[PDB]
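J.: Listed below are the residues making up each chain.
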Amino acid sequence: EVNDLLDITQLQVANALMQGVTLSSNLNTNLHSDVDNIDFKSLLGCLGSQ
Amino acid sequence: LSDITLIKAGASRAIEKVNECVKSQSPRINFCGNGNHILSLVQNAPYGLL
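The listed protein sequences correspond, in order, to chains B and A.
In this text, residue positions in the first sequence follow the authors' numbering: the first is 845, and each later residue adds one.
In this text, residue positions in the second sequence follow the authors' numbering: the first is 1093, and each later residue adds one.
Pulled out of the complex, with its shape left as it was, chain B reads as follows:
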């Protein structure tokens, strides 16, 4: 029961992180890691397809 509480806790955390987020399919984070002198190279890692 404790481990199932942990499992549904992790799934609530993951659904809070992942509800309502569309994405660009052509998002290449090694090409896109900056917007207006703000450094998103260290913030968000690799993403895309390749």
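No lab work stands behind these hints: they were computed from the structure.
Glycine included, each C-beta is placed from N, C-alpha and C at the ideal position.
Among the hints, erroneous ones may be present.
[Claimed, not checked] Here are some of the chain A residues that sit facing chain B, going by a computed Cβ distance under 10 Å:
{"#": "1", "residue": "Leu1098"}
{"#": "2", "residue": "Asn1122"}
{"#": "3", "residue": "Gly1127"}
{"#": "4", "residue": "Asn1128"}
{"#": "5", "residue": "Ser1132"}
[As the list claims (entries may be wrong)] Restricting the straight-line Cα-Cα distance to at most 25 Å, the calculated cross-link-like pairs of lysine to any residue (SDA-like) are:
{"#": "6", "chain 1": "A", "residue 1": "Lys1115", "chain 2": "A", "residue 2": "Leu1093"}
{"#": "7", "chain 1": "A", "residue 1": "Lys1100", "chain 2": "B", "residue 2": "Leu855"}
{"#": "8", "chain 1": "A", "residue 1": "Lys1100", "chain 2": "B", "residue 2": "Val846"}
{"#": "9", "chain 1": "A", "residue 1": "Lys1100", "chain 2": "B", "residue 2": "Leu849"}
{"#": "10", "chain 1": "A", "residue 1": "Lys1100", "chain 2": "A", "residue 2": "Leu1133"}
{"#": "11", "chain 1": "A", "residue 1": "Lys1100", "chain 2": "B", "residue 2": "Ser869"}
{"#": "12", "chain 1": "A", "residue 1": "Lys1100", "chain 2": "B", "residue 2": "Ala860"}
{"#": "13", "chain 1": "A", "residue 1": "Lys1109", "chain 2": "B", "residue 2": "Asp851"}
{"#": "14", "chain 1": "A", "residue 1": "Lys1109", "chain 2": "B", "residue 2": "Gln856"}
{"#": "15", "chain 1": "A", "residue 1": "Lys1100", "chain 2": "B", "residue 2": "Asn881"}
{"#": "16", "chain 1": "A", "residue 1": "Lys1109", "chain 2": "B", "residue 2": "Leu861"}
{"#": "17", "chain 1": "A", "residue 1": "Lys1109", "chain 2": "B", "residue 2": "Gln854"}
{"#": "18", "chain 1": "A", "residue 1": "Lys1100", "chain 2": "B", "residue 2": "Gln856"}
{"#": "19", "chain 1": "A", "residue 1": "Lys1109", "chain 2": "B", "residue 2": "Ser869"}
{"#": "20", "chain 1": "B", "residue 1": "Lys885", "chain 2": "B", "residue 2": "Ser869"}
{"#": "21", "chain 1": "A", "residue 1": "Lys1100", "chain 2": "B", "residue 2": "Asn847"}
{"#": "22", "chain 1": "A", "residue 1": "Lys1100", "chain 2": "B", "residue 2": "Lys885"}
{"#": "23", "chain 1": "A", "residue 1": "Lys1109", "chain 2": "B", "residue 2": "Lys885"}
{"#": "24", "chain 1": "A", "residue 1": "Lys1109", "chain 2": "B", "residue 2": "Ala858"}
{"#": "25", "chain 1": "A", "residue 1": "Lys1109", "chain 2": "B", "residue 2": "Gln863"}
{"#": "26", "chain 1": "A", "residue 1": "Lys1115", "chain 2": "A", "residue 2": "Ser1094"}
{"#": "27", "chain 1": "B", "residue 1": "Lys885", "chain 2": "B", "residue 2": "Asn870"}
{"#": "28", "chain 1": "A", "residue 1": "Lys1100", "chain 2": "B", "residue 2": "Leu891"}
{"#": "29", "chain 1": "A", "residue 1": "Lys1109", "chain 2": "A", "residue 2": "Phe1123"}
{"#": "30", "chain 1": "A", "residue 1": "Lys1109", "chain 2": "B", "residue 2": "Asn870"}
{"#": "31", "chain 1": "A", "residue 1": "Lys1115", "chain 2": "A", "residue 2": "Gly1102"}
{"#": "32", "chain 1": "A", "residue 1": "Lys1109", "chain 2": "B", "residue 2": "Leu849"}
{"#": "33", "chain 1": "A", "residue 1": "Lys1109", "chain 2": "B", "residue 2": "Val857"}
{"#": "34", "chain 1": "A", "residue 1": "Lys1100", "chain 2": "B", "residue 2": "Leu850"}
{"#": "35", "chain 1": "A", "residue 1": "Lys1109", "chain 2": "B", "residue 2": "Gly864"}
[Stated by the list, open to error] Derived Cβ-Cβ restraints for the label pairs, each shown as a range:
{"#": "36", "chain 1": "A", "residue 1": "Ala1106", "chain 2": "B", "residue 2": "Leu867", "range": "41 to 49 Å"}
{"#": "37", "chain 1": "A", "residue 1": "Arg1120", "chain 2": "B", "residue 2": "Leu855", "range": "37 to 45 Å"}
{"#": "38", "chain 1": "A", "residue 1": "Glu1112", "chain 2": "B", "residue 2": "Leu875", "range": "38 to 46 Å"}
Assemble the complex: chain B is given as a structure, and chain A must be docked to it using the hints.
T.: Positioned in the frame of chain B, the structure of chain A alone reads:
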């Protein structure tokens, strides 16, 4: 005695849901439901609420 704490947490969550979703209309975001939320109703389910 440990499970009454989870029932009291669910009681406080349904009290705040009764107050700000059903019994009034809250300007808060991502609390009732999941986001993209409209309103709520209530119904005495066994040993809880629905």
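J.: Now look at each hint and say whether the structure bears it out.
T.: Cross-check of the supplied hints:
1. Here the hint on A/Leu1098 is kept, as its CB sits about 8 Å from the closest CB of chain B, short of 10 Å.
2. With a cut of 10 Å, the hint placing A/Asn1122 at the interface with chain B holds, because the nearest CB-to-CB distance is about 8 Å.
3. The beta carbon of A/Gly1127 is positioned within 10 Å of a beta carbon in chain B (closest approach about 5 Å), and the interface hint is therefore held.
4. Annotation: interface hint on A/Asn1128 holds; nearest CB of chain B at approximately 7 Å, less than 10 Å.
5. For the restraint placing A/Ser1132 at the interface with chain B, the shortest Cβ-Cβ distance is roughly 18 Å, beyond the 10 Å limit, so the hint is violated.
6. Between the alpha carbons of A/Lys1115 and A/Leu1093 the distance comes to roughly 31 Å, so the proposed pair goes past 25 Å and is violated.
7. A threshold of 25 Å between alpha carbons decides the hint, and for A/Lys1100 with B/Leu855 the separation of about 21 Å falls inside it, so the pair holds.
8. This hinted pair checks out: A/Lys1100 and B/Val846 have alpha carbons roughly 17 Å apart, not beyond 25 Å.
9. Restraint check: the Cα-Cα separation between A/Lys1100 and B/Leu849 comes to about 16 Å, which is no more than 25 Å; the hinted pair holds.
10. For the hint linking A/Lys1100 to A/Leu1133, the alpha-carbon distance of about 21 Å falls within 25 Å, and the restraint holds.
11. This hinted pair does not check out: A/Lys1100 and B/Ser869 have alpha carbons roughly 43 Å apart, beyond 25 Å.
12. Taken as a hint, the A/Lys1100 and B/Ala860 pair is honoured in the structure, with Cα atoms around 22 Å apart against an allowance of 25 Å.
13. With a C-alpha separation of about 24 Å, the suggested pair A/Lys1109 and B/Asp851 falls inside the 25 Å cut-off, and the hint holds.
14. For the hint pairing A/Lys1109 with B/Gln856, the CA-to-CA distance comes to about 18 Å; that is within 25 Å, so the pair holds.
15. For the suggested pair A/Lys1100 and B/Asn881, the alpha carbons sit about 48 Å apart, so the restraint of at most 25 Å is broken.
16. Pair hint A/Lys1109 plus B/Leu861 holds up; C-alpha atoms about 21 Å apart against a cutoff of 25 Å.
17. With a C-alpha separation of about 22 Å, the suggested pair A/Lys1109 and B/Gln854 falls inside the 25 Å cut-off, and the hint holds.
18. For the hint linking A/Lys1100 to B/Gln856, the alpha-carbon distance of about 19 Å falls within 25 Å, and the restraint holds.
19. Pair hint A/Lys1109 plus B/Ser869 does not hold up; C-alpha atoms about 37 Å apart against a cutoff of 25 Å.
20. At roughly 19 Å between alpha-carbon atoms, B/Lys885 and B/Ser869 fall within 25 Å of each other, so this suggested pair holds.
21. The straight-line distance between the Cα atoms of A/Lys1100 and B/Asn847 is roughly 20 Å, inside the 25 Å bound, and the hint therefore holds.
22. Between A/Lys1100 and B/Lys885 the CA atoms are separated by roughly 44 Å; this puts the pair beyond 25 Å, and the hint is violated.
23. With a C-alpha separation of about 40 Å, the suggested pairing of A/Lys1109 with B/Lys885 is violated against the 25 Å cut-off.
24. As the CA atoms of A/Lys1109 and B/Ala858 are separated by approximately 22 Å, the hinted pair is consistent with the 25 Å bound.
25. Restraint check for A/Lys1109 and B/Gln863: satisfied, since their Cα atoms lie roughly 20 Å apart, inside the 25 Å limit.
26. Under the criterion of a C-alpha separation no larger than 25 Å, the hint pairing A/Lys1115 with A/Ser1094 is inconsistent with the structure, at around 30 Å.
27. A distance of roughly 17 Å separates the Cα atoms of B/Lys885 and B/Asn870; the hinted pair therefore holds under the 25 Å criterion.
28. A C-alpha spacing of about 41 Å is found between A/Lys1100 and B/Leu891, which places the hinted pair above 25 Å, so the restraint is violated.
29. Restraint check for A/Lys1109 and A/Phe1123: satisfied, since their Cα atoms lie roughly 8 Å apart, inside the 25 Å limit.
30. At most 25 Å may separate the alpha-carbon atoms for a hinted pair to count; A/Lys1109 and B/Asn870 exceed this at roughly 40 Å.
31. Taken as a hint, the A/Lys1115 and A/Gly1102 pair is honoured in the structure, with Cα atoms around 17 Å apart against an allowance of 25 Å.
32. Distance check on the hinted pair: A/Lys1109 and B/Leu849 sit about 22 Å apart at the alpha-carbon level, within 25 Å; holds.
33. Among the hinted pairs, A/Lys1109 with B/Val857 is consistent with the structure: their alpha-carbon atoms are about 20 Å apart, no more than 25 Å.
34. Proposed proximity of A/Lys1100 and B/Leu850 is supported: the alpha carbons are some 19 Å apart, at most 25 Å.
35. The straight-line distance between the Cα atoms of A/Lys1109 and B/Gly864 is roughly 21 Å, inside the 25 Å bound, and the hint therefore holds.
36. Take A/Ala1106 and B/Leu867: their Cβ atoms lie about 34 Å apart, and the range 41 to 49 Å is violated.
37. Checked against the hint of 37 to 45 Å, the pair A/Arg1120 and B/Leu855 fails, with Cβ atoms roughly 23 Å apart.
38. Between A/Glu1112 and B/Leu875 the beta carbons are some 43 Å apart, a value that agrees with the proposed interval 38 to 46 Å.
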